[PDB]
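Missing here: one protein chain of the complex. Every other protein chain is in place.
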Amino acid sequence: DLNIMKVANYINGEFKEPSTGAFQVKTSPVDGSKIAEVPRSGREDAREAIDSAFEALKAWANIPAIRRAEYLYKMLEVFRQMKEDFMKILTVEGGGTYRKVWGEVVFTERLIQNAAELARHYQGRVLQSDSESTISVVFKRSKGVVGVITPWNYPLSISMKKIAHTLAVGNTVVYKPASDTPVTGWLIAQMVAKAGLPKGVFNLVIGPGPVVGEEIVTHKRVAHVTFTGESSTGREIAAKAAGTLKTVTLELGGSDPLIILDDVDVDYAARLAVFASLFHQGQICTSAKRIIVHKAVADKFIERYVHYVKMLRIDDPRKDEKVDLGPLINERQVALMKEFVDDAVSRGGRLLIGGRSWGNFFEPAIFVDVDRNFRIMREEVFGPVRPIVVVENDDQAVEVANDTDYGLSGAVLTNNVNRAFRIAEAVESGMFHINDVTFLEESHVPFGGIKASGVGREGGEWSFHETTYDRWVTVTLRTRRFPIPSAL
Amino acid sequence: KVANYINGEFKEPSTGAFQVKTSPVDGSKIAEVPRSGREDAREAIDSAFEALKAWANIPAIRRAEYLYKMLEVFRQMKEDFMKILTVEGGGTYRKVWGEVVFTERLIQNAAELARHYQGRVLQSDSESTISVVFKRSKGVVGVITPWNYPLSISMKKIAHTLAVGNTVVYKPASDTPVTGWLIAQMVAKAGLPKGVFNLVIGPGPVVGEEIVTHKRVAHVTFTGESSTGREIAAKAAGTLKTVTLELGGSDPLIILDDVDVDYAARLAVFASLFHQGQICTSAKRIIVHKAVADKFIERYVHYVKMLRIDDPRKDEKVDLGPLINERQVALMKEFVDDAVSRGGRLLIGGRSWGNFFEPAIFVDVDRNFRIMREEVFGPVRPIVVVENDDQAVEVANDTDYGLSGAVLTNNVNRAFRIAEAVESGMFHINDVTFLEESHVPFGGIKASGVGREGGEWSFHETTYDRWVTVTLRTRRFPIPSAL
Amino acid sequence: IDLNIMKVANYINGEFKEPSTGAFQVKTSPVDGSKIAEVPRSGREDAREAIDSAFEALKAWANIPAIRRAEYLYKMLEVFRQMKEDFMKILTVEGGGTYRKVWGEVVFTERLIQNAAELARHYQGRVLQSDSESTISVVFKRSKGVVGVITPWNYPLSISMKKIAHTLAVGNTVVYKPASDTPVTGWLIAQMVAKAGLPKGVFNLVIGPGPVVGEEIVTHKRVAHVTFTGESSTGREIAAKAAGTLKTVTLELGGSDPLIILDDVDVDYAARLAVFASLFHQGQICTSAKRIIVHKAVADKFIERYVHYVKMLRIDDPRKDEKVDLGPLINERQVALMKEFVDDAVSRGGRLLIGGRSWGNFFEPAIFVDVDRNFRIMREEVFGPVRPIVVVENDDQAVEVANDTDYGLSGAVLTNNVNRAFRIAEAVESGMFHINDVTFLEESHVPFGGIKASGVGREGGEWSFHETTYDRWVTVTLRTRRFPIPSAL
Partner (left out) sequence: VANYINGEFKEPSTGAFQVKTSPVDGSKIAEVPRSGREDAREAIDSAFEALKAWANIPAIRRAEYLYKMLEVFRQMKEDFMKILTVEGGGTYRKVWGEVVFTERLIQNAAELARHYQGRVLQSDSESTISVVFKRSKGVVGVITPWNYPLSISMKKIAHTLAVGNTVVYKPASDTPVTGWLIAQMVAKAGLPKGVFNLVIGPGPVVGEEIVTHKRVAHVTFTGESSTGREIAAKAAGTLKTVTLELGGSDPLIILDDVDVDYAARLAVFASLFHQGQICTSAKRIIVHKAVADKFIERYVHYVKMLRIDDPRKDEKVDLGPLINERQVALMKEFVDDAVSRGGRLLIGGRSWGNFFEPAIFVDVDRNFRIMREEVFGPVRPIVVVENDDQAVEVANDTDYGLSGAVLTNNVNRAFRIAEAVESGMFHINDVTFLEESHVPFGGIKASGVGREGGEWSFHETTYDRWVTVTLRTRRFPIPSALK
């Protein structure tokens, strides 16, 4: 419906343009074609949205949970009617294949539903008192106005996980989508508005991170920021947020290890590895970005892995439902992947396959004979350039897996219960998966990292933990003597 | 003479720089204590890091064993800790006795719970998938503490943090280093493996900042001034380390018209003025319903008048000892000087000699007085009269702080409605503002900080969740589609 | 729904059918004895067939992901939303409930189904610390198996659906036998389930006599658990019969809840509340305020205001309009029992302040003062509209009277004093207690249940889940070790 409606901000129940009126033109990464004019908001716009959410907060937090749940179920109903719209935009604006965006839309449905389901069930605790005649309990309360700042790779699911769960437990929301995915953010507003949430409870401000996002992060009426993006941005936001003592949730990068032992079905290992390391062009935080394989099956693994990679079809992702890979999000991502490929070649790496690019498209590029000094070993490679590392034993497997600043997810493939468990215990990561892909994700599990991959957990009640606080309350039923004045 | 404790060894700071600490009671010398630098902090940090794996991997029952031994040791040093809390900290007998009893309970509480911190088994939305969540320790944890309750605050942090398999670098407040050194004495005698607990005595902005900015420190739990906390949270950003921040308070104590007024004044005096008002959850702003204010004010001032201020070493019946240092006396004078100049009525107190200060009580206060706007960490207190419960709440919430708070009343509806409406991390009906148990979530909102400490809440602060799955079936994948 | 058009049948393994024996009886309205429908009179073979159907379906139903059972329950919720007018009409004409009563039960039933659906994916086990090195130690939740659901006639929809929806949610299958006085409500439940398309045998309905059909369920070896709401005696018999095959039970038995009123209350408000709490659904509520206890200082004005509001209650054909206050008792036997209660009180010198008449199945609320502990209406559950008011001198006395009963389901105190409220809440012996509200407060996710003769276990949300699942400790050991025998080694 972009052919009949202007893309706008959503502030205090109203779709409207930024106060300056300034806009930019969102183009498709597929063919550079125009998608829509979109707001280029500034600080006054963020402030208006923040004030709207702050003024809406008390009423929203004080209604019974069941009523917030009702609003989220209504949102879910609206989402279901809007699925194709979301799929269409995820593809032409974000470059996602039919399969990727179908996955994203199906998961988003589950996220909204999960948030609705859990709203009424987030519990506090009744405690024993060490004192006589004392009732001692612990309540759960909303943090307040919550800033939601998101990336471009899974813009729908990542945004809605944060928005629906944050809204469910009685916070209001100021939402700033990634500048490469603004129409997705706008469709989210369309959804919310049609679900008729009270004005100010949810607000959309479209504009630059360093301007609109920074305002959200430094404003005293914002209680908490939940953020998903680059670790460098996370560190910046964490620093900025300190000024007003607001808490943060930081879902940052990853360089996930996929560990492949010698007792596996090697053909299966390769099929799983291709999917985990290259789905959505590798632009996934929990992409299998460093493939680690036991020497005993390495030659056969490498051959199969490449075989299946050679079958990957790259095309305009609107062409049909069977396209494997779309383009990268912009030209900067292409240039960066060229730097990764060139650095790996210069250092003596063997390029097994791929390496061409055109427009924003970038082929899978696979390397062996890499060492720890390679950029594609030291940095997050948010794209389809992937190293394969050969190791002699499980000790080395772990050493390499852990030889990174990151610590989001990870996986081992093996049929041996002992090796599976020891490697799982020893790999330093927020999440781990035995015999599955690295990017496994469920709507209600604690999703998050350690080390440079961030802080906190999201999904279900973990999302609730991030944006509530505990409130110890006592009642004393007896009177007592006090120690001062002692002369009594 | 006092030393650091690093990797199982009591040792001098690497520069040998020492410093003479004195007693707030009479200026007489107490000890020679380290003046450590960044290099010392790093040595403790590297120790803790290298002890971490062995410490975290032993079964929890083992860590609990160490803590029970520590409890055993602590119980033998009770009077030592009491003496130093009085001599170095200026605490009265009753105050330090209370602190030593609470400390006994804190260490015991952490031992009790070590074996019992659980993860979760989850339902999977997928077929043939086991899906569970483990608890894992954060790593090496910096522990930075204040001077007012240096023993109990330090131990709640040290003991609970150790319990769940974290190693510790500890830096006590510069005015209470000997309390710190005794803590290391107790830990050493409990025989915890080397590097698991490290003490470094040095300046906050040098040693503390090293802990806060170091790459191998996973988490810092901190108690102190709100401004210090904001600084610490900002420095922590660089390494994405997490923080627990227990900062200031300006706790409201609300008194309604249906109370036992005499009882209310007795409660108010203890809550507002215990330990000379140098308590984070001290009742720092007293708020009273107009219908009982005159009688309440007369009674409160009457019991304040009965307070005995003296050398806390003299005997067990001393109500108030001195403030910790001359900077605190200077600050209290500012609060009084400001209140007088804004038209406050000074009902009693204000006398100060050396570090001693007689509780100064004000009425005819308005929201612009520094003693209404700022945390008053000492014995200077406003009483404010309100007309109804709405104004009581408005005044209670008219602060940047939000640590604790309390209401005195026999009406169930007024009590609950006021508990609910008051913006604080903790609240208490018919008791003091500074109630504290070993295992309850202790902490604030607004400028009073972030996180909760006490029992399993301390465990939450210094561990993380780790989602682990096992998939028991193989499946087909969407790429490549030509398959 | 046309009452003359209804073909009422069992629902077993996916199909509506007649009892194997072809037997039936006629269900009549308690309002005027009008025929409602012929309904099955099933026997043991029908119960066995349902049980076998539930058992055979168990593994496929338990092993699917929780999310898939929630989907079924959401679908059930969708169907129920369409069937509301139908459910309300049968609750009124078959159960004798007023419009306002049945509207309330249907609204609550919708919340109960939704609640079970919401929680299905979120019932968690535990990851534990091991005292042994190299050991992983966890606790899974597993469904109990086939569960028998045996229900009463007073709130037949909401009590049935609480039990059924939560039980199904966590992967048990169900064999359900409604109260013989409310069979059509059970049949409409099976219609809802059938329309929601649950797999065959997951839910079964058998309409028949408790001592026949009900007993087969309780004694059968393929039944893992029985959840039962009814009379304390029936419960005690069920608990005994269940021991044979070591199946567990949930027992929601009678109450005789106290409503304690202190001297500091708004007395007029206390009176209005007490009328509602003591007499809604003609007192036919387990958590009805069955023994009103008031403080001497407000007793006289309280009794005046309370009797005044009772006098205002409109007794009438509950089908007539929406504003009828009270309808008939469920049947003639209930009227006769209430007559015994009234007669025993009059005979013992109790003072009857109002009511005590009755016509057909309709009974006029009878209020007594000047009673003592030997009165039957103080010693027994009075499941109908006969209520004693006891006057007390102080809070200690209020508590002693409150606790002087074999029962222990719920309770309430009215007071504005936080200390008296909490101390009374603490001293009263009941599974549930409400400060400044009615005795029969109930939410979909709270633990509902009693102590003493009022039963065992709790229902509502995760507590229903606790009843019909078990904990399963599983360990993995990652190191080999030496063993102490043979020591020669």
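As written, the chains take the letters A, B and C, and residue 1 is the first residue of each chain.
The rule we apply is simple: a residue touches a chain if its C-beta (ideal position, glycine included) is under 8 Å from a C-beta of that chain, and two chains touch if they have at least 3 such contacts.
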| item | value |
| --- | --- |
| Contact partner of the left-out chain, one of C:41, C:177, C:291 or C:445 | C:445 |
| Candidates A:281, A:414, A:429 or A:463 - the one touching the absent chain | A:414 |
| Contact with the hidden chain (one of C:95, C:201, C:230 or C:235) | C:235 |
| Residue, one of A:15, A:102 or A:139, that touches the chain absent here | A:139 |
| Touching residues (missing chain, whole complex) on chain A | 63-66, 119-132, 137-140, 414-418, 420, 434-435 |
| Sites on chain C contacted by the missing partner chain, in the whole complex | 100, 104, 111, 128, 130-132, 135, 137, 139, 232, 235-236, 239-240, 242-244, 246, 248, 251, 253, 266, 269, 272-273, 275-276, 279-280, 309, 312-314, 323-326, 421, 425, 430-437, 441, 443-449, 451-453, 455-456, 458, 463, 470-478, 480, 483-489 |
| In chain B, positions touching the absent partner | 61, 64, 109, 111-113, 115-116, 130, 412-413, 416-417, 439, 455, 470, 472 |
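Basically, only the chains that are shown with their structure count from here on.
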| item | value |
| --- | --- |
| CA centroid of chain A to CA centroid of chain B, Å | 35 |
| Distance from chain C to chain A - Cα centre to Cα centre, in angstrom | 45 |
| Geometric centre distance via CA averages, chain C-chain B, whole Å | 49 |
| For chain A, residues that touch 2 or more chains besides their own | 110, 444, 475, 477 |
